[PDB]
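As you look at this complex, bear in mind that one protein chain is not there, while each of the others sits in place.
Note that the chains take the letters A, B and C in the order they are written out, and that residue 1 is the start of every chain.
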Amino acid sequence: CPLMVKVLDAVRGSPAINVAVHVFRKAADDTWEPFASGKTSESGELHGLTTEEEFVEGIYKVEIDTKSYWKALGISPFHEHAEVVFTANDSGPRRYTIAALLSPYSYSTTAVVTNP
Amino acid sequence: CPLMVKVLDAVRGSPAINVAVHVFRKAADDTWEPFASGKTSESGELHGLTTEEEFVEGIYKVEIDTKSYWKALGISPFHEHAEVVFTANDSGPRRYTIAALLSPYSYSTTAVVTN
Amino acid sequence: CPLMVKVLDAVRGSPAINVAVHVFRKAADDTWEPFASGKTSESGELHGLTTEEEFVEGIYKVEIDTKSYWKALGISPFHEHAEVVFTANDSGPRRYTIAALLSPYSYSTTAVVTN
Partner (left out) sequence: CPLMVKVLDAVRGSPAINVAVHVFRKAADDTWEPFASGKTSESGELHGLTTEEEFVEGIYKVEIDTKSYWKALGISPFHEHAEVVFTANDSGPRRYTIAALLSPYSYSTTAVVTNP
């Protein structure tokens, strides 16, 4: 599992469960091609998005659907989504964890990158 | 001034100076149309992007060119850029400040929406 | 004004208004001596805490009374208060801004140190 997403809720002090995540990859013609998607589990984690073989070098966008999360909880938030855009695997395969901490009018995202 | 951008540097403990910022508005065909842009000042701020007349309700994207900022400082960063995507609403308060606090592998953004 | 405190609310997307802030200086016996205090203004800021003459090198603690803030808004918070502990140094720039961004179960603090 070379791409994992972890989401926390800063209002409840809990994992952010059932958060939809869509990953895109920049194609040769410079558009955002859909790459993988999923939703966070009861632990606020999303595993199984892709494989080492399919997660080739490229520029990736991880869109975390924060508005859809907050609205399903009946709250009106500020952002449409949190976007995390990065070049991956350009020095060989790595494992990436994208973490996000959510509030209704704010979020903070960090990457943990490890070398198998 | 209905839209301001403030950028801080969490490594140096300073404003983030001369950071390029591009603002886009979502068009009817879901493409991102250029709207306004500039570079942050010595105080890490970018004022004068738009006017109340032009800043109508809709979805906007503020792209902060963090990669160039870190590279100019000789530091290797993670993100291509920081992105802040939000709906402008006339119901709420009138002035939007988008603030971003930058680290090489992490950022933190909030909205301060006031009258 | 060598020391300013700025407090933001990440739930409401606003300055955090009327938040009590207490600043202490570490004494020779390692106790915390009261130094200055106030409440944030309508812009979430607290100015006028000290003077350049009084703000000598040393270790300071800025305590932000976040628990009372959240309770006044009818929200149940995690932390008793937010604490920012740092050394003032004459070598670096002259003006310290301690900023804090508050959520019920989380905060984010940075220092903006300028001339």
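One rule holds for everything that comes next: a residue touches a chain if its C-beta (ideal position, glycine included) is under 8 Å from a C-beta of that chain, and two chains touch if they have at least 3 such contacts.
From the options B:3, B:5, B:7 or B:10, the residue with contact to the unseen chain in the full assembly is B:10.
Of A:3, A:5 or A:8, it is A:8 that touches the chain left out of the display.
Although one chain is not displayed, its contacts with subunit C can still be listed: residues 59, 78-81, 83-87, 103, 105-111, 113.
Where subunit A meets the omitted chain, the residues involved are 8, 10, 13-15, 99, 101, 108, 110-114. The missing chain lies against subunit B, touching residues 9-13, 78, 101, 103-106, 108.
We take it that only the chains that are shown with their structure count from here on.
For the pair subunit A and subunit B, the distance between C-alpha centroids works out to 20 Å.
The centroid of the Cα atoms in subunit A and the matching centroid in subunit C are 33 Å apart.
Subunit B and subunit C have CA centres that are 25 Å apart. Each of the following residues of subunit B touches two or more other chains: 108, 110-111, 113.
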